[PDB]
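Next comes just one chain, in structure tokens: the form deposited without pyridine-2,4-dicarboxylic acid (PD2).
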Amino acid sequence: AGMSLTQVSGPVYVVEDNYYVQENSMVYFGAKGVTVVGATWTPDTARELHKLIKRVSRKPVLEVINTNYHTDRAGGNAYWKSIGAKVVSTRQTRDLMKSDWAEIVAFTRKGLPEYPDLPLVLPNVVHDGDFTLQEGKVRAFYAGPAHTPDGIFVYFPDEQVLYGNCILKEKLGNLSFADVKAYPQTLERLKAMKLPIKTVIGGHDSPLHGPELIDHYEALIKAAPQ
């Protein structure tokens, strides 16, 4: 299908968004409602995700996290705002989005001319640092720069699932905006946290991996050109 929504563990679901270049996002079905992690590529892809969500739960979409300022994590924002869902990010992500959205949209349209010329839609819930949602069961944190300067990890402690964002994935991928030397230092900062991890969800390629995805990408980025 164009998009799928699939249970990984308990209330934790993976979204495979096969629009444009495949990106994987997540959904958490909570007591009061639904948290989306990654806004998806466009307002259209966001509507498609919302349609899948409504087939699983009647509860409201409470909030959507922009895990970085890029089009694949924030492109859906217009749609999420339109249904009254909070759009959530760190201050850094919001500031970079304000300054650099036009440029990341232009860069996206270079490789994907079919991609829409989306206007800026900023987060309206902006956090000073690390933060949690869903009674502490969804935990967003910064461990340094990697694919972008601002990209955060999202950890689900009950299910021991780590969302890898654009930071962790199977293929080395486009290193254009990447801090290549800092990248492994961020992954080692993550390792030093010693989070219990059974599952890592890569933000591109095939989503479902074990904790080895971290080591897999670390080895790839340490061999990169640059």
Given for the second form:
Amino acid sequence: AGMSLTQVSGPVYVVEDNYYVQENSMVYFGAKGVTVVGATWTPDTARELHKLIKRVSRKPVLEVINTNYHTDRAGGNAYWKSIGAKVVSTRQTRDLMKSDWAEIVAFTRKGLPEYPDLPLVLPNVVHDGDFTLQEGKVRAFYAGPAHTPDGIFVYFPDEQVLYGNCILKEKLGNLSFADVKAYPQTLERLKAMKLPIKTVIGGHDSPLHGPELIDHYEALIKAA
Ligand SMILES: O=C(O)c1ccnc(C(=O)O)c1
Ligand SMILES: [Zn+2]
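What does the same protein look like in the form deposited with pyridine-2,4-dicarboxylic acid (PD2) bound, given that the last one was the form deposited without pyridine-2,4-dicarboxylic acid (PD2)?
Now the complete complex, all chains and molecules, led by this one.
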């Protein structure tokens, strides 16, 4: 399919978005409603994800988290706003999106000319720090710069699932915005938190990994 939505553990689902360069995002089906982690590539891909969500649950999509300011994590925002979902980010992500959206769209279109010239759509729920959703069962945090300056991790304590965002993945991927020397320092700050992790969902390539995906990418970026 163009996109799939598949259970990984309990209420935690993985989105494989095969549009453009495959990106993986996540969905949490909560008691009051649905949290989407990563807005997907475009308003069209977001609409496709919503269609999948509505075959699983009748509960509203409450919020969508932009885990960085890039097109693969925020491109769907217009759609999510349009259906009354909150668009959630850190202040840093929001600020970088305001200043740099035009540039990331342009950059995206250099490699993907077919990608739409999307107007800026900012988060309307902005956090100054780390934050949680779903009664503490979705936990967003910053552990330093890596693939971009602002990228956050999302952790699901009950299921011991870590969303890797653009940060953790199988291949090196794109380093144009990366802080290559800080990247492993950020991964070591993450590892030092000693979070119980059974599963890491890579934001690109094949999603399903164990905690060793952290070590995998760390070794790669240290050779870059
Ligand atoms: O290869 C790309 O165009 C691409 C697009 C979005 N994200 C990444 C990444 O490495 O995170 C790479
Ligand atoms: Zn990415």
